[PDB]
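Okay, so here's just one chain, in structure tokens, the form deposited without S-adenosylmethionine.
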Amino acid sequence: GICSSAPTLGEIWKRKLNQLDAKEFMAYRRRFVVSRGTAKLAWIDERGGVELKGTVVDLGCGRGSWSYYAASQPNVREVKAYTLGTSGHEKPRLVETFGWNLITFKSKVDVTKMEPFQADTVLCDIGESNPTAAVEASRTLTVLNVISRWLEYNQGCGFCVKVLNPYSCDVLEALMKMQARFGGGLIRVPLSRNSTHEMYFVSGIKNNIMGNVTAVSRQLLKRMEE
């Protein structure tokens, strides 16, 4: 059922991606593809994928693009942003914005160990691409398990969460369980490069997760022959 087709197609996409040489990879990744991070959240926002409101938590905020964006939105009251920011990782970048005083950045935080607290909107763009899909899958599952406790703690909240590898069988199963508990759906942002299969688990759109994952694999494969 759930794992009959999607893991196969995604793994073909990954193995074919990994066979592209430097010039091929550069040409492919941009083919028909529409800061990159701000633009992605903005696109999801404008399509109704997440109601940005109340207290917004940004888990793994990095340089803070999503936090700055959320803090500029009219129904947002506060942004609490957390990131690792230690050696090797992105740390919050300070900019002069009218939303400046709505944001609190906290560095040296392991968000996998933070207890959940009140949030009207849960945002998380965590997931570092890796050539091994299994590595990406365990990263994706870690993010989803973390996000589950926030969505359970905050019944009815909005959310927009990156799913780095959405075609792995264990990820699909975790996603079906989450859609069952918390509703929502899984969307592809057209600004995403063809070199990532990243999709976003969002509160404001209801859809067929498996069908969308497979449609994305088939589109990314098609673009690779074009």
The other form holds:
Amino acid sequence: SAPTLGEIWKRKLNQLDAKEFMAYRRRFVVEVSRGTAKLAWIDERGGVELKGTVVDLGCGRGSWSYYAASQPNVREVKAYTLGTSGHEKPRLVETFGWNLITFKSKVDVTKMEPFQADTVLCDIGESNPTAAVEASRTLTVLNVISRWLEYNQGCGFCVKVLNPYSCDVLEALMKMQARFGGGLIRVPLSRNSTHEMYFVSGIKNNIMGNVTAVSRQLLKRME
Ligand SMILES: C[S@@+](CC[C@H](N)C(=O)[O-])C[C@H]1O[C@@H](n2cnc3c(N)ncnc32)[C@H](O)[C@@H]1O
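The form deposited without S-adenosylmethionine done, now the form solved in complex with S-adenosylmethionine:
In what comes next, the whole complex appears, and the chain from above leads the way.
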């Protein structure tokens, strides 16, 4: 049922006008950066142990990196993002832990050699009206992340899954869970206009069931 229900949600979402979309997207949603709040939520729930060498793949402005850099078990943060035309570039600030981060823009992380890391973070996935476009980008991220997880036996991880209801993606996630453990969670701070979920090392759950539960929740909210 998962692809059917998420696909229904997507087609219904795309039928909303500007006013309906704006009202729908915040309905019952919890709530400085959105990025910070989401990683903080996952961290406080025990979704991911932030420790040692943290990689932040697709760091954009870098909220996750600054979050990670302020945590007691983190030793360094290596942050990477495209930062090319019309893509977010890291925003340097003077907050606690800033000196632990190395930001590198102008890097396509899908083409980077994995290296040593104790925690793998990745928040790549831009919403697109076409669910199949989102599935393809999601698959690409998961394939890249699998190489990192293979290279770093036992590392912690927290990975955005932009479209988790697509059948190919579900099978990909089950395979990652079979290989690396972990589970798939919905952050209640996510807006109703995205079906994004997070593949995390700290929580071990029923992936397909959680996805379906999120589809049914987001559909009910649109009713
Ligand atoms: C919007 S950030 C997610 C938010 C971020 N965690 C934060 O807290 O600010 C996702 C970033 O991934 C970047 N990105 C997308 N594809 C990429 C790729 N192939 N290689 C490197 N960065 C990529 C995008 O430019 C985008 O800025």
